[PDB]
Amino acid sequence: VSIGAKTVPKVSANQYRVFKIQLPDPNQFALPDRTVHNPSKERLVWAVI
Amino acid sequence: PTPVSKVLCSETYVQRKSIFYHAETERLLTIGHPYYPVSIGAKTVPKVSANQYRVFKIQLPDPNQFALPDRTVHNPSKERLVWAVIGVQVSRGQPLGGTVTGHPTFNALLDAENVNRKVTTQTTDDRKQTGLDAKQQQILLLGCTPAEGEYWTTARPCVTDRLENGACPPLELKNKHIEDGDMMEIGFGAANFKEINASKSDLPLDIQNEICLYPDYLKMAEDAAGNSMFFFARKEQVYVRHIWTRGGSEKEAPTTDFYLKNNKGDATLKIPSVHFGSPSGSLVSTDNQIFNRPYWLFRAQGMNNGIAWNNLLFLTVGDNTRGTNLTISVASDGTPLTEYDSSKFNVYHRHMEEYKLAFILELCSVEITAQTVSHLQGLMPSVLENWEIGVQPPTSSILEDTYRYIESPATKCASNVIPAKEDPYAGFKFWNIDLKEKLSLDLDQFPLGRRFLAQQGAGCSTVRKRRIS
Amino acid sequence: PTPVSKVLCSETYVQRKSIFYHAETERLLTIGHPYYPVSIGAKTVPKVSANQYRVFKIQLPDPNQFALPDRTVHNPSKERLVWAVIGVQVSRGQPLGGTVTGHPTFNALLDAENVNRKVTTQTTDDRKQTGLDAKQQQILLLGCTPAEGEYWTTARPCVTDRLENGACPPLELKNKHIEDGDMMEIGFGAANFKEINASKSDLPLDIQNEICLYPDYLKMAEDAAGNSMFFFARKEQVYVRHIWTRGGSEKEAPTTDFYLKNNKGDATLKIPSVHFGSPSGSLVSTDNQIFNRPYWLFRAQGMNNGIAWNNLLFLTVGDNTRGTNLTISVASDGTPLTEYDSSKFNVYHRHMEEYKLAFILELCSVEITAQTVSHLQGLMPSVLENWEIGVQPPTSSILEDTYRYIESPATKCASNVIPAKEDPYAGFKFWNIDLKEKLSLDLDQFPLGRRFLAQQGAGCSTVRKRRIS
Amino acid sequence: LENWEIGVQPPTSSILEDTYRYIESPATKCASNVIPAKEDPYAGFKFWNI
Amino acid sequence: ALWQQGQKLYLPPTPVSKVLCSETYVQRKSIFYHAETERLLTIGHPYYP
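Residue numbers (full-length UniProt numbering), protein chains in the order written: chain A, 51 to 99; chain B, 14 to 482; chain C, 14 to 482; chain D, 397 to 446; chain E, 2 to 50.
Don't take every hint at face value.
[As the list claims (entries may be wrong)] Computed list of chain B residues with no C-beta within reach of chain A, every gap over 12 Å:
#, residue
1, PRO14
2, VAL51
3, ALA80
[As the list claims (entries may be wrong)] With a Cα cut of at most 30 Å, we get these calculated DSBU-like pairs of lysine-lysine:
#, chain 1, residue 1, chain 2, residue 2
4, E, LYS9, C, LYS30
5, B, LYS451, D, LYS425
6, E, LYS19, C, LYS451
7, B, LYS449, C, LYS274
8, D, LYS434, B, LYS357
9, A, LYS70, C, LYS91
10, D, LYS425, A, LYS60
11, C, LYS451, A, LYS56
12, A, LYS91, B, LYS357
Hints were generated in silico from the structure; no laboratory data involved.
We put the beta carbon where it would ideally sit given N, CA and C, even for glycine.
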């Protein structure tokens, strides 16, 4: 719809709400130890459970 | 147990891990008319001068909220992690040169000259076009809280009434913090001139109507925290270059005990006798400028040796050394001029400043013992809050509304947005530099890293190009 | 010592004794007009509907002030006793059936029919008498604090002005607690319709002008305490049964890109195009209804596995399943009618709902260690007061002045009036069920006791009437 | 394999790229130049971003 | 600090009224019987006599 010079999103009950859940990169995070993966051996990621 | 009675030193409850990070900001540019904000059409042009304390808020990535791939990483409820600066290297990229400033119609009746004709009674106007070179200086500071400045203003005059319209305003000192677009000190005392120059002819046009701050070093050296400044450097030379005289009518002349009258002369002196000199900036060198020189902070001057409390840093860096204005000339018609007219070429005026920021933060875990925890109550109210140490409910646990397209007339207005916890320094504003992602862990990679390891001894690149001569 | 910053599950500082009690409320009845409060003479008739959350406040007998025949009972200053629910069995006594609701003059222009004559321009009125079956559902939830609901309302519009008189109101979500006479959700979104229906033809007459709540399950699942709900059950089926159309003038029709005009037709569409369906509840069964079924609570969904903090319980039970209205017909003269007139018999309208409540509380002693004591400060402000742990300054050591015949004029006036202290939940109101005396210790005696011991294994009566077929 | 930094000519970090303040000013160049920074791939299509 | 008045405190009385479960005084022999009624019919107008 359009009232004035603004809009009104057509929000229906029949539309695939598609979320992009953007994550916090797991590779650039604070490592307070040594057992944390070695810098060049491997990279960390996320896995949904 | 809350037996605390005296300020303590941050090293005592702060554990320093042996981890380092490199936070490099991408080069920042800003350009514009330095003297005052311009307005073409319905848009603006920030008044970007060479005499304004660029004050960066380097917002950090909260250390506490990070990925722990192990157990030796601090236990969840014992200790908290923070940031600690070790190295800072502010890089200034621009061609060296001197800063100049002037004004269309300045107020200067006469100067220090012996063979100049006799002073003509002041005409309706005596103003002239005035050149006035900046008073060269440089100020670099880092800390936790914004740096404080001092200035002079007019203090409310008392009820006692012996007042007149031309009566001299009382004065008084005032503190304030230093924001992003403040004025550097160019030759004249610091004050919100707005109430001191009612003539509009007393200042260089760029500085006028704006407040001149200064570093209240005294105040900074007194705060227990020391949050005000981790360290700091300053280099500034100046000296008189001309000597002038204001052109205002006098409400107070030198009594007859100082001024001896002459034949056919006048009983009282009428021409004003204010002699202010024009500030002069010293020649600038390739060695005098304090920049591009990594500063290793080994011990701060306060009980806080560089702890980024609140995951925040304040960089107050100002220098009129780099800056030089840039002229331009566009044809008033769009076609190269075939003949030389005084009306055809429009003179434009732009100045451009560029910075870079680099930090060598390290990880450091503060213990959370009943005693030390307590202690911070009096050191700071706020860091104990975000940290999640004491609160009614987890911020996350609470559920709050959030809309999509909050600008839609279907939805409520944006003002309601204020309910979420609000940044404290929102009233004041300054350049906001985000470093949440441009942060790494490989020292070798970056410029300031090698520069670091070099000094350390773990160097694949030692800083030595020995020159004999 | 005050170290803790995150909540601890209630089991850790709560000792469970092995004692049980049986609290059975005597059957409760209430009767009245299904739709709105009536008024005959100078008395009233509560509008008792089948679509209102009966919310009981089951006030308990303070545990910490009981009888202890032994030394084994907790030491006077180390520990405190409370109540913990284990079993709840809400019994609903009435004949099963479906709930209906209607309205004298509803707003429905036309329906989903293909052989119906063409739509006549809306006349001055198009309302008709409307039947509308209830959207069958059932909700039960026990907890410490009143359950929270959500609804839609109109949020103040902005200063920005592009307003008109018929302009649609902005909307926004709001929370509230659920009180005794609130409305169940019947087919339409939840909102204080009072500001949404300016037509009086948009709702079923019973629901209109009243607020429709809903269970904000999301909110309940987020509270650390979990006080909001120990457990809960819900069963609700619905589906469209007819499809209708409002009868209001339109401020926004489908643009020409959707609606294709026809010969001799009109440029813009004028008849409103709102298609809301009417929801009819699915057939109700003897097995679907969730009641008379003892609920053994073994682990709550929060850190509070059923602790009656503040010696208080909240039972929010609503279902439109049991309810069916009751008609009546009295002769308008008091004498049986000899002939059948349309004026002689006055139709009356009474409906009646009945409940029962049964709990299997157990005794449980919370320790009172400096640490655990402290802990509750952030869990709840109020239950500490019941404990009496907090200090109250010795100010009865200030000598105030009493007087004799404070009435005498010479004597002080004594005009000031002490103000009675408010209760925690006095602004809101709900059914108040007192259980301070109707509580016991002999499990075998009551209905829900055998039902309990049966499951336990200590049974004189095991719940088994095995049927083979 | 790219973002991860496993194989690339130079660290993105290493490059010094321009960035202005008040890029909407008329003193400064327009926002279109903003595209040079690495661009999200799904930018043509759009969806709720959480 | 001073001696004040607290609300009434409880006690457990004796109804000495426990009911008993009939199995306790009832012995069950192991004998069984089968009582079958012959089919019953009734017919008529349901609405009214």
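Hints, verified against the model:
1. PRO14: Since the minimum Cβ distance to chain A is about 29 Å, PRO14 (chain B) lies beyond 12 Å and the statement holds.
2. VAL51: Answer for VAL51 (chain B): holds, closest chain A Cβ roughly 29 Å.
3. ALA80: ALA80 (chain B) not clear of chain A: closest Cβ-Cβ about 3 Å, inside 12 Å.
4. E:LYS9 to C:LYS30: holds (24 Å)
5. B:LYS451 to D:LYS425: Holds, at about 24 Å.
6. E:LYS19 to C:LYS451: holds (17 Å)
7. B:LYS449 to C:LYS274: Given pair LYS449 (chain B), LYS274 (chain C) is violated - Cα atoms ~57 Å apart, limit 30 Å.
8. D:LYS434 to B:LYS357: violated (44 Å)
9. A:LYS70 to C:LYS91: Violated, because 53 Å separates the two Cα atoms, which is more than 30 Å.
10. D:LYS425 to A:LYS60: violated (36 Å)
11. C:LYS451 to A:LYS56: violated (63 Å)
12. A:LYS91 to B:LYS357: Roughly 67 Å separates the two Cα atoms, so the pair is violated.
Consistency note: the structure conflicts with the earlier hints numbered 3, 7, 8, 9, 10, 11 and 12.
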